[PDB]
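Can you keep this structure in mind? I'll have questions shortly.
Omission of a single protein chain aside, the complex is shown with its protein chains in their original locations.
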Amino acid sequence: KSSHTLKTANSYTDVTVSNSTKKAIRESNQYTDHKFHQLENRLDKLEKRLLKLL
Amino acid sequence: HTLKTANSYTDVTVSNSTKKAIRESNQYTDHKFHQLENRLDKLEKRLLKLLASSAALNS
Partner (left out) sequence: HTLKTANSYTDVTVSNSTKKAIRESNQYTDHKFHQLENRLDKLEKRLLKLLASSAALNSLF
């Protein structure tokens, strides 16, 4: 009607989009933890084999 | 009717972006996980050689 309309819509875009950026980042970071845990545990196992051998 | 049309464009386009964001990021993670695993596979071979070397020493 339309200034107050554009304005309201823009504000909706703003909150929504911002909550999406944060969500993507949490979700990807989680994944990254899940994958990198497997590498850390493998590494933990290897130094422990080494120490035992020594 | 317009406001409803903007907002529902926002919801749809936002939902697709979050998905593309995660999908790309994860793909990059996977590439980095593989590069590390290449390293770990090597290290484990050297431990396996060192191990056989150590039981040669005994004597």
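Read from first to last, the chains carry the letters A and B; within each, the first residue is number 1.
Just so it is clear, a residue touches a chain if its C-beta (ideal position, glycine included) is under 8 Å from a C-beta of that chain, and two chains touch if they have at least 3 such contacts.
Residues of subunit A that touch the chain left out of the display are 2, 5-6, 9-10, 13-14, 17-18, 20-21, 24-25, 28-29, 32-33, 36, 39-40, 43, 46-47, 50, 54. Looking at subunit B, the residues touching the absent chain are 2, 5-6, 9-10, 13-14, 17-18, 20-22, 24-25, 28-29, 32, 35-36, 39-40, 42-43, 46-47, 49-50, 53-54, 56-57, 59.
Keep in mind that, in the parts below, only the chains that are shown with their structure count from here on.
Note on chain placement: the centre of subunit A and the centre of subunit B lie 12 Å apart, centres being C-alpha means.
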